[PDB]
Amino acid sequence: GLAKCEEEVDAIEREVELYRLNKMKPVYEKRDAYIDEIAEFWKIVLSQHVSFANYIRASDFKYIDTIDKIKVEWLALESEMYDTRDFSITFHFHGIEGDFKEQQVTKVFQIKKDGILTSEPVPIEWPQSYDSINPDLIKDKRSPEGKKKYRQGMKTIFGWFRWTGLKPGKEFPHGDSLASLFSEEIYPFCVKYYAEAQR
């Protein structure tokens, strides 16, 4: 009786989350089309954002300034095997010539069991300037200076592309909160942030 009603409620909640996603999809497509015509749109938006700067390092800003595209996509539209909170984030970096490669990178975030957000590492080519803090390059990671170099690079935005949520205290700090920042604020409300930077 009451148990069967409770299952119906969970069925209904997904149905409406799915209803929203399907309706929002074409609207985001149109919106992003306009966005692709505005020059420093994403640069302006990520500088305007209150909380975002706290997550990343100050030297990351020259590289995140080169972001000319952000695209969040909700995976529950792909399959009923995905939680409605599951999403991919696609970044395009224009790059910095002779330092940071022009590249497109997609990171996928999904619930594992309320459950927690997890991800997998995705390849991104680090800036040349970051060579000394590059975890794939640093030779002595246990040497006094090496430990601090490693830790510094793991705290950059490029460290976050390595984040999984499955190694507490070994990864980019609050990689999950940063992800939700994109899916819940930055990507949905970017236009509000751009108009705020306008006024």
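Positions refer to the first chain, counted from 1. Only residues modelled in both forms are compared. Between two forms, the rigid core is the largest collection of C-alphas that superpose within 1.5 Å. Compared with the form deposited in another entry:
- When two forms of a protein are overlaid on their rigid core, residues whose CA moves 2 Å or more are considered shifted, and residue 14 is one of them between these two forms.
- Residues present in both forms were compared between these two forms after fitting on the core; the only consecutive run of three or more with every C-alpha moved by 2 angstroms or more is 1-16.
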Contents of the next structure:
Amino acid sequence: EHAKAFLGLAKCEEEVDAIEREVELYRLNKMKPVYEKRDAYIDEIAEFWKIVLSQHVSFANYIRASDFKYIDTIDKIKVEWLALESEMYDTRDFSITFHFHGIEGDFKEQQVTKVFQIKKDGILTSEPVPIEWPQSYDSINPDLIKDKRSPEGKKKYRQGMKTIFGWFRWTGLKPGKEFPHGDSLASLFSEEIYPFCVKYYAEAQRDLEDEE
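Structure of the form deposited in another entry, please, following the form deposited in one PDB entry?
Just the single chain follows, nothing else.
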């Protein structure tokens, strides 16, 4: 028994999913103007992103220690939700653009955009995007390493692919063969870091305020 009720409940849950979709699209549309206005003010604050990325708890766990030298050069982060350009896109789909100020003689100033899209629930996927790795990473650079057959050549390949730079060539299509948990890192940016960066910034001052 209860079959009739169960079928009805299944249809109701479908209606709920549809509403959630409409609600999120409504929110994304309303937020676009506010984010633009907000980001313009952020661009006026020196080490904003440096401070935010160092304030986020789990972010640091996704990358290597030696990466913070370059992460600290991030001067701008902009996320754009693809669903605002067309349906066919999940509301979780987005492009994220980073601007690195660089480091004289080691890491060049550059702007890199990576696109994340849901594929079937569902999982994020992406296409590799070019990024010039720090000169300091030549020994662990996948495109450079000559002969990754030796025990050290493999160690170095693994070390480099686990850096934030390895994340840029992540696709989510070869589980176990790419930067670990690239999809979770992406979600960190679109769901936490970009939307609530100001709150992280305020918390960073608050924290350094209690130590005062």
